[PDB]
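Since the structure of chain A is provided, determine the placement of chains B, C and D on it from the hints.
This is what each chain is made of:
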Amino acid sequence: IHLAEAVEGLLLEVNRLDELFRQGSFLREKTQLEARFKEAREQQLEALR
Amino acid sequence: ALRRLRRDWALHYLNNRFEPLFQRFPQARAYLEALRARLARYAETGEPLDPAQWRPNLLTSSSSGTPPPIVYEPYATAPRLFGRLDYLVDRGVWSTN
Amino acid sequence: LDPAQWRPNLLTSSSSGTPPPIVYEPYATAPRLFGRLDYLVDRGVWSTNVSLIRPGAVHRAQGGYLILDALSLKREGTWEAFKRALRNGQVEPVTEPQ
Amino acid sequence: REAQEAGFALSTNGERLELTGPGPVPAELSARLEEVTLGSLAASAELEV
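As given, the protein sequences belong to chains A, B, C and D, one line each in that order. Number 140 in the entry's author numbering belongs to position 42 of the first sequence; there are no gaps in the numbering. Number 215 in the entry's author numbering belongs to position 19 of the second sequence; there are no gaps in the numbering. Number 303 in the entry's author numbering belongs to position 59 of the third sequence; there are no gaps in the numbering. Number 172 in the entry's author numbering belongs to position 25 of the fourth sequence; there are no gaps in the numbering.
Bound conformation, chain A alone:
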């Protein structure tokens, strides 16, 4: 029974998993990755230009 409520809660945790993609730290890491890749694209563009 206890494993049953645990599994039911974990299955319900999908909404929170969706919410977590809007957290501060993950969004900050995404912005940093975007900045790095855009910097690489911009230096490539500068060389080509």
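Keep in mind the hints are simulated off the structure, nothing from the lab. Be aware that one or more of the hints could be misleading.
[Unchecked claim] Computed from the model, here is a short list of chain D residues facing chain A with C-beta under 7 Å: (1) 165; (2) 181; (3) 188; (4) 192; (5) 196.
The beta carbon of each residue, even a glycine, is placed where N, CA and C say it ideally should be.
For chains B, C and D alone, kept in the frame of chain A given last:
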């Protein structure tokens, strides 16, 4: 990298909710680890989970152990001895879990 | 919560005492002794419930007498299932093999 | 209180939580921010349960 960081954050969180379940259920390490891997794969790729396909299936319930379970099976067929694996039908395709 | 899986099935009404419920079943095949189980198919999903259980000769012989021909019991291979229903009280409505 | 001791103001917006100030937030302050956000979301999940 977006997928990798989504998976990393998913696993990082699920670890802290899974230690309590690891302590409560020491024998369910395999099942809980598989469920955490499934949730991480949901986070990184995004295929929705099936609640009936990731939920434990009770087979036998023990009341008090005295008397020991007396299972008299006079019709000893393969479905009735080793168990039956039921199927659902979705417009003619036989799915199971 | 669907209302079809949680409703009692009308098997047999009372035969009002005399005369006793007497059923003769010359064709003693398993569907006609233990009853049938049906499936309703709504949007192509094969579903079954308690309301789809067809009563057999055994079900409408309760409180009365079930008359059978030994020829049909021996010939149709349903003697073993019948004696198992009598001894173990196991009456399972048969269902098509698929 | 931890953010004020760190010299930063906490700006709460319900589920969303972020720190407003000049430049990037301190690493330990960011870690505590993430931990508090996860704890609040866990409280929400246990509230639903």
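Hint by hint, here is what the structure shows:
1. 165: With a closest approach of 5 Å, the residue 165 (chain D) hint holds.
2. 181: 5 Å, holds
3. 188: Holds - the Cβ of residue 188 (chain D) comes within 7 Å of chain A, reaching about 6 Å at its closest.
4. 192: 6 Å, holds
5. 196: 5 Å, holds
Comparing the model with each numbered hint stated earlier shows that all of them hold.
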